[PDB]
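Only one chain is included here, represented as structure tokens and corresponding to the form deposited without the ligand.
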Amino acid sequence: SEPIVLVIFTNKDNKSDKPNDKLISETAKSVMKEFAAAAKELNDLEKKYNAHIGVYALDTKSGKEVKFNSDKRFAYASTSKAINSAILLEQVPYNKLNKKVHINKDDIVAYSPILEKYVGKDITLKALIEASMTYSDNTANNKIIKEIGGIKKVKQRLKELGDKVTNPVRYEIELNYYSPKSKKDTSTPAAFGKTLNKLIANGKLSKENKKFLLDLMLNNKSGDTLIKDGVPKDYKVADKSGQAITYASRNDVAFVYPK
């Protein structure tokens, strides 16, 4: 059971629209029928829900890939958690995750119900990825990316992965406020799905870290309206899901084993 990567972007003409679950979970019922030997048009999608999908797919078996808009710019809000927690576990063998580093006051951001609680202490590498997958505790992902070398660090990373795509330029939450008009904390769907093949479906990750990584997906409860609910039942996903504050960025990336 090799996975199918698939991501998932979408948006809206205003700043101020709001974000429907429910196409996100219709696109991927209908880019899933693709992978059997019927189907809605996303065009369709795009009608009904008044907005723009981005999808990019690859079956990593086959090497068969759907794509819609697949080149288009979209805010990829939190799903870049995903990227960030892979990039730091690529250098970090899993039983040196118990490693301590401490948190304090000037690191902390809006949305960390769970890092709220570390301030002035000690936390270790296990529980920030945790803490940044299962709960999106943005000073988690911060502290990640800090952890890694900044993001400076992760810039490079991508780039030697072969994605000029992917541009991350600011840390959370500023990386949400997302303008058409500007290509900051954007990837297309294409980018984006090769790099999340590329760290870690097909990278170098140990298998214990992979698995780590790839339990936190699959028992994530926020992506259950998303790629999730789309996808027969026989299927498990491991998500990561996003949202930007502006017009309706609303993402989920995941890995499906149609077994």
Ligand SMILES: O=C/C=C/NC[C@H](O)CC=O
The other form holds:
There are 2 protein chains.
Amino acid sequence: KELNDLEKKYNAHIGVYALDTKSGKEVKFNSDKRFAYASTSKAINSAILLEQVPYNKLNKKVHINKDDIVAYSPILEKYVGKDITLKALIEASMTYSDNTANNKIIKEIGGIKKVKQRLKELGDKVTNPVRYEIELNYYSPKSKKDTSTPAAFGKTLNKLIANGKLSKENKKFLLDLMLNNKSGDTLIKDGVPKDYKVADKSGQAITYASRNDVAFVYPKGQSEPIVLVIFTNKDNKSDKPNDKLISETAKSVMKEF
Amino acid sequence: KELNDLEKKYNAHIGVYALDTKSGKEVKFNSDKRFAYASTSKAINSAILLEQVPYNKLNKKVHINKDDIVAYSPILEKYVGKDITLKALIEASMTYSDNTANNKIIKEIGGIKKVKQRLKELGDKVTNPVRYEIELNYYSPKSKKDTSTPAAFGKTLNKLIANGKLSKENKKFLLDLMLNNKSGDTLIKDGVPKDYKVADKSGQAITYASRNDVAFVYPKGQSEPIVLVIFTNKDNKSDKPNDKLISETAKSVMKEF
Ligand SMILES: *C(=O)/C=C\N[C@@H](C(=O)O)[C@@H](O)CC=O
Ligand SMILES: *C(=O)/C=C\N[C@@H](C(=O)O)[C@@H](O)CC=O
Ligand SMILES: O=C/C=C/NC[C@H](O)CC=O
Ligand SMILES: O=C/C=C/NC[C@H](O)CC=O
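Shown: the form deposited without the ligand; wanted: the form solved in complex with the ligand:
The complete assembly is shown below, putting the previous chain first.
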């Protein structure tokens, strides 16, 4: 339905970028307006590591101490003084949105500067990672940090993942995780036609009801995915989000393909 | 290695019950001593629902309100005022150890009395569920509540799941979740031979460093599983656990098969 009355109905701000990878058709809406990506970003870092270490070599183990640990690390919280593979870091970041995992992933990639570096290669001028977890999810309308526009985010997802340089194996490992993740069932997955396949990574910033869902959406009987970025936020710092907002946005946009 | 020097080395209390379903061979240790099962119990309730609703009918939706919500419900915490299927309740309980999910599952089964009822049918005289989440994980050496012995727990897992009445579909849905769960990689999975398959559900009570791992373990090249229950605890209320304890217990016990 109209995104505008979604915005009215929900009293929210919608940012949408959809790309049909088969056809190259796009559906934009508030497309160049900046929003906090929060955890959606875990998919990018993940893919960036994935490019740099073959599947066979994800068994590689890294050491975690107490200094490594940040909030909301359901998986990694138990690894103080132990090793975890690259494989399990990604699993934890992707399925559980594990904040230490993400941090260690950026670290393995070579830090934020390395991410910044990749982005630019991708011709991603907008995505602006500045902080580490959990501060990278601390949205303020007044700051550009850890923001992107649905378009820049979307273009990058396309370039890294869908039409990227990943190996069969690495591409499959990453997409499966995004496909199996039950974490965002109330988001895009909730709004698409019944026999569609959704490989997403959701996110939520602490403030302004910042709620997001990013996905590779496979139409019932379609191999190439539709890249879908939906960012949402609201007026007040303490506003809570309505996930049904994203579900209904997804529902509408999908109509156009 | 010897469980006794595991116990010395870790200054912990070990409770082990292993059953080779092929052969019927058991490995017991402090087998009839009671421990808090905590989240391991999510597997039982899950299986109990699974017996009662065909796979095709897990799409069945149930309504969650705010009254339903308990602590540490990473999935269900977002469902206030919405419906979730039976399928996704189980997914959330199993993969994320989702406390509201578990609660709603027991509720769908018909409550604790119904669980108590099933147990007895199973000839499970010991497992003593008394509370709901999150209190069912509040261990005290002095209370029997939400306790079982590695044997009674183990026997029941065998009877419900391994050698149970589940359908192909329901049995596969449940085992896959336990197999895909990266949550207990530092436990049993950490101690078994490299090419073994482990379908577990881990748990941890608030006190006495109560740490557990329950699994269906498939020897590299073996179809029938070994049922493995490892319960561990320590002397002081505020003791924290060493997961490596379970990994090394698993490592040892597996030697015998
Ligand atoms: C990240 O910005 C927001 C949420 N990540 C979530 C997810 O992917 O499920 C999450 O559950 C972790 C805490 O919100
Ligand atoms: C239950 O008694 C203890 C832990 N459940 C965990 C699991 O299965 O991963 C968990 O992560 C939830 C909070 O400890
Ligand atoms: O969007 C991704 C969120 C991931 N981790 C949970 C938090 O960071 C808690 C709020 O800061
Ligand atoms: O063992 C399973 C634990 C599951 N949920 C987390 C808690 O209950 C937190 C401690 O009470």
